[PDB]
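Below, in C-alpha cells: the form deposited in one PDB entry, a single chain.
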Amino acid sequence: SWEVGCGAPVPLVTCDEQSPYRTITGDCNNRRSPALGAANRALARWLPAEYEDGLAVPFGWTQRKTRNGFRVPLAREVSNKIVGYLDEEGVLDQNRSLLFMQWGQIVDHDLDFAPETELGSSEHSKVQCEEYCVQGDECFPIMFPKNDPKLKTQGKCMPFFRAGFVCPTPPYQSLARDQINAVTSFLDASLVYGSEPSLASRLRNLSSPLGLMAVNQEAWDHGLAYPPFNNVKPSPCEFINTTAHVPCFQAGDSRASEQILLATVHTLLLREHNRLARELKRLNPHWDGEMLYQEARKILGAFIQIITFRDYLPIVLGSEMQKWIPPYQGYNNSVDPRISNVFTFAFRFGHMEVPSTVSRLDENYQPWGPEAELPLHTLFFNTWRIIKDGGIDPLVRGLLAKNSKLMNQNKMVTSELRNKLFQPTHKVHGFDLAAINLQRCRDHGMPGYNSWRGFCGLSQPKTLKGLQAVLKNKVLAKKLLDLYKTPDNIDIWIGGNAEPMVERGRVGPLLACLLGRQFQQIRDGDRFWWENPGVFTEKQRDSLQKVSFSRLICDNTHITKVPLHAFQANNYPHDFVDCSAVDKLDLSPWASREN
C-alpha cells in the first residue's frame, strides 16, 4: 500500500429511537445497521470490483495489461466511433417532454455523488494533469486517439481525476478500492436540504423562526425567490461571463448550477419548501421553526418520492416496472437501501436524452425574445440567464413544451455534451461527457457487459452475431467488436445503453433490471417512506397522493397554463389547462390541535 493521499471517514454518529424525522446524513434510518444508506460511506458492491491488478488500478492503466486477453480501447475513441453524430434533425422524443430528462437528473442527484479526490489535491498535481497529460496517482487522463480533431486544437488529452474512495483502514486486508457516495442513498430531497450538518445549517433561515430555507437577498423573480448565491472563488458561473459576474447558486447539492434547467428545478423545490412552511405556520402558529422546517422537508421528501415512483419510473421502465417494482408492501428492514456503484453508471442513460438546445417561452408559449432558443453548451454553469434574462418562468415553460432527445443507436450523445462540455477547473468548452463516463466506469472497477447480463438473468453474447442479435443492430455490433474485440470487455455504460428500449420504456432490458432492483431497494429499505405505515397519518396520505408536478409549478411560479401529465409530450394550447382545474395539496390534515 503506497503512501497515496486519500480521505477516509471515521465516521460514527449516535441515534435517537423516538425521532419522527430523518437525519440529514441518513444515519439511523435502519436500526440494526444505522450507517446503511448514510452519506459519505462506500457505494455498495453488487458484484466484486474488477481492477487490472485486483487492486485500485483501472483497466487501461498499464499498456501491456490486457482485459481478458485484449487491450481495452481509449474512452475517446469509443466515444467518436459510437457515441457521436452530426445531424440533430429527427432526434426528439415524440412522447417525452424535456422535463422527463430533467427529473432524472434531479433524482440522480438526490441519490448518488462520487466526487473526485482532486479537489483535495496539491496545485502542482492539478496542473500536472492538465498541463502535461502525465498519468499518476489519481490523475488518469483521457488521451485522444490519432485521427481526433481535438488533437489539433486542444492537446494530447483531456484531464481526468479519479473518484474519491474510503482510504485504506486496518488491517490493509485485500479489499479492492471502494468509491464513496457523498449523498444520502434515500430518495429524501437531500439535493434541496443537504447531506451534511454544516451545509444543511447554512441553507436554513435561522433568523425567522418560521422554518424557511434561506433565499437570495440580491435578486428576486417578480417577487418570487431564488436560491442564495454561493461564496467561493473561483466560481465557474462567474468564469463563463466575467462581465455579468453572477455566481453559482447555493443548494443542498454541489452540482445544482451545472446547467440552467437543473438550477430551475432546484429553484422550484426551494419555493415549495417555503410555501409549505408558511401554510403550516398559519395552521399551527404555535409550531416553532424546527418543527416547521422538519414538517416541510418531510412533505417535500414525500413529493419527490411520489412523482418519481408514480409518474417517472413507469415511463422509464415501461413493461418491466411491475416485475422489479411491484406494488408497495411496507418497510422491510433487511433490504440493503444503499446505492450500488453500478447504478451510478446505469442511471447515466439520461445523457442520451439531453437535446442540443434549450428554449425560453412566453405566456402564450411562444418564443421569449429574439434568441429564445439557445445551444445547450452556452448554458453550463450559467446563472446569469436566469437572474438577468427573464427568471425561471420562461425556462419552465420550455421544460413543459419542448422535448427530450430520444436515445438512438447511431445518435447517442449530442456534441454539445460530447465535445463542448465545460467543467470547473478547466477553461474550455471542450470536454466529452461520454469519454468521461467510460473512463469513470473503469476508475470504479466495473465488471464488463456480460458479467452484468449474467447478473440480470440475460444471455451473454460471445461473437459478433451473438452481439448483433442482442443489440438488434449489425453495424453497431460490428463497431463494438472492432473496438473491444469481444463483448466481455464492453464497458457497462455503453453496453447497457446500446440495447434497444423495452416496450413502453426508454431503456433496454439490462438497464431496466439494474435500475429496477435499485429503486425497489431504496423504496422497500427506507424506514421513512411516505407510505410506510406510521410515517404520515391516514388523512395526510390522502392529501399527499394528490400531488403533481403541474401543481408544483402553479404554486411556485406565475404560470397558469400547464398540462395534467408533465412528463408526456404536451403541445399548447391543446394539452394545457387552467391551474384551477388541477388538485391542490390539502394541508388541513396537518393541523394538530390541542386535542
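The term rigid core refers to the most C-alpha atoms you can superpose between the two forms while keeping them within 1.5 Å. Shifts are known only where both forms have a C-alpha. Positions refer to the first chain, counted from 1. First, how it differs from the form deposited in another entry.
- Here the rigid core is superposed between the two forms, and of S122, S201, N408, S459 the C-alpha of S122 is the only one to shift by 2 Å or more.
- Positional change of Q329 between the two forms stays under 2 Å at the C-alpha, relative to the superposed core.
- Once the rigid core is used as the reference frame, the Cα position of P11 differs between the two forms by 2 Å or more.
- After superposing the rigid core, the Cα of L92 is displaced by less than 2 Å between the two forms.
- Comparing the conformations between the two forms, with the rigid core held fixed, yields the displaced runs 1-13, 118-122, 167-174, each spanning 3+ consecutive residues whose C-alpha shift is 2 Å or more.
Mind giving me the form deposited in another entry, seeing as the form deposited in one PDB entry was just shown?
Here you get just the chain by itself.
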C-alpha cells in the first residue's frame, strides 16, 4: 500500500484519557487510535475509488475516455431529463412535517463537510472557470447540453471546483485521492460548537464566567438571542439585499445560513445551550465557566443523538431500521466511526424532500402577513427575512404545520434547487444542485450503482428489463439507460434515490443499507454515546429520555401550541397541544454537592 500515516489535520493535540468531555476536534474518542473520527481527516473508503486514471481524474473529464465502454452523460443532461418537473401540485408528503426535511440537514451538517479547494488568496483561475468554462486543475465545469434554456441566458457552463483532499492541498501523487471531512464524524453537536479550536473559542462568551455562547449584540427576537453576525466582508447574506445590510450568522458550521429554516434551527440550538448553562448555574453556583460550557454542551450532544435515533431514523429507514441498527449493546472500540465517502452522497436523499416554498404563520397558525409564503430560492443566504421580518417564531410554526416534499420518481428535485440555486461565491440564482450532486460523485471517485448494490448484498441489474423490475418503473429505467447505457455507470446519487421506498420509510433498499450501516457505526464506535455506561448517570439518562423537539421550541420561543410528535404531519388545531402538556427536562440530576 501507500503511506499509512499521511495527513494535515490540527497538529498538536494530546489526550487527557480521564476527561469526561469530548474534545472539540474529535480526537481522543478512541483510546487505541486517537485520530479515528477526528475532523479534517480523510473520509473513509468502504470500497476502492474509481477514477479515470485510477488515482484522481474523475470520470467525465476526458471526452475520449469511457467508463466500461461508454461516455458518461453530462450531469446537467441527466438533471434535465430525469430530475426536473414542472407541477408542484401533489408532491407533498402526507405524513411528514417540514421538520422532517430540516432535521436531516442538521444531522448531516453535524456529520460531514467536504469543502471545495482554494490556493487563491487573489485567484484569477477562479475567474477562468466562471467566465470561460475552461477545464483544468481544480476547475471541473458543468457544461450545458444542446437545447438547455440556460444556454440562452447563462453562458456555456456552471463553474464547479473540485473538493479538497488530504495530505496536502497541492496537485500531487501517492495513494488514490481521498476527500477531506472538515467536521467530526460523531453526532456531537459540532455544528453548534465548531470542529476547530480556533472557531470554538470565538463562538464562546469568555467575557463572563457563565459558560455562555456569544450572542448577537445588534439584534434581538422578543428578548431572545440570535447568533453573532459573521462580520467578514464580502458577505453572501448582504449581497442578496444590498439595502438591508444584514450579514450571515456565525455558528459552529459554515453553512448555517445556506437557507432560512436552517438558520432557524441553528438559533434554537444556540438558545438551548445558553438556557442550559443558566439552569446549571442556579443549581450549581460554585461551577466555573468551563464546566458550565462543557456540561451544557454534553447535554446538547445527547439531545441531538436522541432525537436522531429515537424519532428521526425510524421514519427514514422504516421496516429496515432493525435490520441495520439493532438495539444498543454498548461501546465497541473495534468499530470504525469514520463517515465514509459514499455516505455523504447517500445522505443527500434529503434534496428530494425540499418543497418549493416556505411559510410564516401567526399565532393562530394562519398566514403571517401579505407575503407569508415565499419561493425557496429567495431564502438562500437570507437572514434579513428573520431579523427584519418577524423573528423565528413564524418560521418555527411553518416547520411544524407545513409538509416536506415527498420523493417521487416522476418529480425529484424542485426547480427552486434545480434551476435557481444560489452559490455563496457567485452572483446568480441559476445553479443546479442535482447536476452538482452528479458532478460531485465523479469528483469523489464514487463506484457505480451496481458496485453498491453488490456491497449491500442486493441484485445487480444487467439489463433494461432488470433495471425496470428493480426501479418498478418502465419509463424511468429507460431514460436512465438511454443516458448511461449500462446500469454499472449510473452515478450512486441518482441510482440510490430512484429506487422505490421501503415500507414505512422514505428511502429505498440501497440507501437504507448505506445509511443504516453508517449510523450503526457512529453510534457503536462512539465512546461518548449517551447510553454508554459512565458517560451520564442512570438518573441523568432517565431525565434524558424525556426530550423532544416540541419542548425545545417551548423553552426557546414564544410558540405555545406545539404537536406531540413533531416529525409526522400535524394539523392545527386538532394535533396541537399547549406547551404545558409536553414533558420538560428535569436537571436536578445534575445538581452536584461538595461535602
